[PDB]
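One chain of protein is taken out of this complex; the other chains stay put.
Labels A, B, C and D are assigned to the chains in the order they are written; within every chain, residues are numbered from 1.
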């Protein structure tokens, strides 16, 4: 009763060693590399490889190979073969061309509804609009390149779909298909892929992940061609509709072909050359943005980088394939050196595609994930990092002293800035007399008056404990869905038994009897679930006692996923704790961890391999400061104290080491490829924030040594250094020469100091610039932003980013991904049409091919379409599908992107937005005017819809705990369910059987805790769901709920404690039932009898959509008043005008740009961020470093509760029990730590996770600078109607609407309007005054919730901790 | 004048202290943690001494 | 009294002598031994006695001459070329640049023979 | 004198810390296992005497 659902997209990596093992066993020789993997695979092959080799088709192919008839090639040869396939003539051609014509026509017809709605609301007004009629005339003949990529993708996806379906139906199914892709024969499992080309007499062996990568390549190229065709047709109709980039697609297809030829000529090694082309595109960008010296230096460096990569690729290929079965596969164009002609032509095609255009050049970053992924040799990457991590570094003691002193100076300075005093010094007698004055005055000198001698003096400072370690572990930070490394003694369980020697197998079977079930887990989740002796103070005791030091169980496991490193559970705990302590205590002191001329330059360094150069002597001189600040020892120094004593092993399944007989300890196994010891620290990812703040300290030290200002910004593996220095210009020296000279000297100094602390910068990682802002992978020149938005939507396809192929999550992912063509690409129509192409594919074409729900979802959607045709009196099922694909997913429709999302990003009421979207969409059929007041005209279709929306059978169940979990929930089965609600009972049933008594006891009391949590706040007669969320987040049930919600997103929840990758049939049935109910929801929301023939149809005369939304939300919960949730929809409330009325009386958005177009331009105004008005709160004066972060978060939550619910009849008892239960203090003691809120309206100002903090527009930030808004004429109207009374209309969204509206009107009319005037509908705006809450909180139920889920309560503020608070 | 000489001597002594303390901290590396001598080179701190204090005041019941 | 000045002069002489030895002092990071059998302590000797150990293969380092140059506070030609005003092209990158510059179409490579 | 005496006292207190750090460096830099085990045993004795001292001076109640 267990099925296996394989991947439809490349999620993992393509394995070099899996491919090598399979192909070496199949062809009985070294396939890709002469290493131990091929030998062990030929000596003792896996059962799944033996199954592939023993097939009849495989036996015949091996017979042909051993006779010399077919030639063995590398998977990149066949990638180039596949991406060229166009064999079959006129039959697949007519079929594919007809399918693509149909998809494009249907996508334009579905987009017509929204385009009509938008043009009718803006006042600009099967296909009704003229624009899309012209577009349908333009797009009725798909070009040959698009047809080519679509046909290839369709064939590969058909092969994959057939395999996945028959693999669900049958375990062990091997697909053998030589008819789908004509000419190729595929032999596909999850354990291997054998592709054989007959007329070329070529055969290759590869993996399932490589077939997934090939299908992803074909999909990515189809998506590039599709987006570019849509955009080019849109720009032919209107230069403002499409994207700002314009691509020739024959040049793009030639690019694809030439990259494929580079990957076929150079084998797997050719991805070096492919990767070095980002530098070429950046050089083409800098030839436009930069000045002669900077651009020339970058161009020469880039050419050297590309040719060095190509020479290294050639050498490595020739050295790898020399003693393998691929020795005769290297072309003569490699040794001829005539590969440089191919590379030249590829680069020339890239320069032609860029077209000397920043838009094309920034968009061309999709080329880097359009050619696939390389097979990464795991042992070889191990060996590459070994030489860097075993090298002895030589330091001047003064360099280490200055680095430690700069770190200590930044600590002192940030501590004085944030806490108004120096840190507590335990040896303050070491400061001469000049620093004693700073210490006693609680000040510090600036970096200018600072001296290197000062840093050397500060390096001698030691500290007392300022911050405290949490005593109880945060289970949210320590639990995840990744894998855990086994102990050192159980490290051989990471390889197949066939690949391990017999003595290793006997030793494993004997050693499993000496470890617990947590130490034999292989997963983090089950590592913690199986711990029958788990204690919440175990990590704290391990850190205090240094139980991680000299631990025999320590090992570092490396996996091909850039060599993702793993270690056992204890040490992973320690690593996560050190990183969390840094992130939450120290990163506040390092805010960049997120004359006649002043020279300026920019230096960009790659910090990806910065960790490998770090030793104890350089990182722990600062980790010791962090240890002293936390009263602990070696917690932040744990890496360079423990890792040098362990063994670094490559633990990929098909990359085992050679274990000499009689040797069974990993620390005794001979050092070899993929196995070495004495790793002198620098594991990637671990201790990353420490090394970031050390880089910031070194940058301050460099700024002090070079006497120039530095504005650093270290974002992950890339730091940007803005350097400024006031110079005096020499005789005839230009500003550019001065900037370049500053850049050169600063580069010399940066190199010198990094080499002082042991890091050898290389010319390929670092480049100097002057003005070009290239940070966070975004091109930004002269204030204008240049997006790479086609790169974000390369993987848009049917079953994307979903669990068990969930239909709804797939639609939502398609919409969310395709929305970046409008948010970044600044094209509403291109985003819309692309999204509709792929949504139509998903719904109409791929829904009948579900791997687990074979065609039940399609029959359900056909039922829904017939119901919609009967309800809305539509012509056929095509009109019904067009309507379904435009109805909101809240009501059961298939539209993931509501219309408000095109004008502002956030909203405080999803129900009003869904109703407004439905009104705007149904105006396409009812011919209602969106510029008029709602009217009854002749058509009761919108009347019927609204009647069905407000009329339903009330059926509330657990309303308060549901409004706690989701303050915007509906109830009475009026909305679609999500997987966390459907799966949570299964999660708790599974957790109740866990050996860990924390999870077990929290899951056994889960139903009763929910029943009590529903009773706590059930008699507070005005219902405030956001205050309910604040109550819910202050209780320990919230952490349990987060753990359960994390677990419920897993595949096969029931098989979590079963040690299997299979999926239980009960999980499949649960997901199937959920999908079917979610699909057919729109039948139950829109009954054919309208649910009321006694109550007549609703009258839309003087109808408020917001009053209707409030009524729906209250009736669905059978409550009387729900406050602080319903808010008007600004897209609906605002009437759009372009001429000044009698008196303005609206929001006036004006264009300050002088041109009639503002896309790609910047204006004088400040960017619009959103940034809702914040609270007014008085912070009490106390020592906050004495409290942990969770304790201060709990204090903030309890202060918000004292603010919102200050008027309940039980407030003293409520707050007393909350303070005793969650903080351990009495209410009179805890209240002295509460921020006191000066804002009267908590319905406006309350800050919850369930409320948006910012309200941005659906427009890039650079573009908001072109427009000026004026909310003065609307203020007088709002104050003459609601004088000094608060109302529920959001201001930030009202300006976001106007800005995005200016942008959209420019898109649709090819001219930006001079002004736009938003006139509000006053009947949609209501008062939002904070209520007077009546009723008593159930104190018994509150304390029973606290007592049942006590295992997740935070640390209590001690007496020892409370006395230190006010010293 | 003698006070200026003493203040310069104190500055030089502070520099020597910084250098020698950086040396002490950098010399307490992997081999000192392996040999169990690192807390003698870096010092005892708040958490370990609190552990000592608890061990000292709950021996049997006192 | 000419004695306090002599005392302070001797004191400042010894202080300068201590600070000189402290500033010519090089730390070699702890790492594997020669026989790859364990880790050796961090070594701290004088700058010349450490440049001699880097020279005489006493401490195994990747780049002997560049480490010895950095310790000697001299700029080796590798970092004089990494931070140089002009970046010179390799012969391979010279040929690639000659191929790229100029729409002379002298590439002349037919992809169908591939 | 006030300034002279205070400065000389601070100088002596700095020299004592210098000598202590040098004692640490010299004792830990001696690289046989003998000195390492001696430091470890002295550290187990220091913890024991600390525990007993905290106990005896807490017996004031």
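Note that a residue touches a chain if its C-beta (ideal position, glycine included) is under 8 Å from a C-beta of that chain, and two chains touch if they have at least 3 such contacts.
Along subunit A, the points of touch with the absent chain fall at residues 426, 464, 1359-1360, 1363-1364.
Listed for subunit C, the residues touching the missing chain in the whole complex are 4, 7-8, 10-11, 14-15, 17-18, 21-22, 25, 41, 43-46, 49-50, 53. Seen from subunit B, the chain kept out of the figure touches residues 2, 9, 16, 40, 43-46, 49-50, 52-53.
By definition in this document, only the chains that are shown with their structure count from here on.
For the pair subunit A and subunit D, the distance between C-alpha centroids works out to 52 Å. For this pair, subunit B with subunit C, the centres built from the Cα atoms lie 32 Å apart.
Residue numbers of subunit B whose C-beta contacts span two or more other chains: 2, 7, 9-10, 13-17, 19-21, 23, 26-30, 32, 34, 36, 39. Residue positions 395, 397-398, 400, 430, 616-617, 644-645, 680 of subunit A are each in touch with at least two other chains.
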